[PDB]
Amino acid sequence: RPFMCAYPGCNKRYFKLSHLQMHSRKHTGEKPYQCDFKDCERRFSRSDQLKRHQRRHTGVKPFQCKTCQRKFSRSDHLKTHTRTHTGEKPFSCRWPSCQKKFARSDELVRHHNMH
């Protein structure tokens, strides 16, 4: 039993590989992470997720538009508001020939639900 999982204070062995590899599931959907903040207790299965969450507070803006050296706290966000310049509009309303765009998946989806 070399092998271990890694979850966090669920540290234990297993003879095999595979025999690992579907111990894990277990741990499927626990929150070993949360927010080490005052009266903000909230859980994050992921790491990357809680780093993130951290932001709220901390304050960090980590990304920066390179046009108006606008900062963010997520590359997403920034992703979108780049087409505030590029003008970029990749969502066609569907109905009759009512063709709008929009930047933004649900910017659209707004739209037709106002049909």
Second form
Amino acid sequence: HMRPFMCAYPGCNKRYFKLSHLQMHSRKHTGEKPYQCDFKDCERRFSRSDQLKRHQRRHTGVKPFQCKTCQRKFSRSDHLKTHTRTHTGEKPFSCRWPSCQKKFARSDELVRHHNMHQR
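Given the form deposited in one PDB entry, state the structure of the form deposited in another entry.
No partner chains or extra molecules come along with it, only the chain itself.
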């Protein structure tokens, strides 16, 4: 499980299994973002081409992922997935606090809830 490709940038402990992953990560320290958005004077740019393509759905308005329950359409597949939990009632994130037995559909819901517990 050892990651041979380690970043040598000061203060960074990132390591990867592939050289391409490390080479892509190195663009974070250099700021290189070769994939610029050319829609309607947009200033967004990305180090990865797939991040640009996902972003450009903002301009085209395309919602490729449709809920098979309520037929609502969504720009991203991960947001479709968490949306469908509003139908199924799946809540895979439990608090684990002694008295609290609340569950949540998304991890960021549980993170906000955990902030209420102390002592």
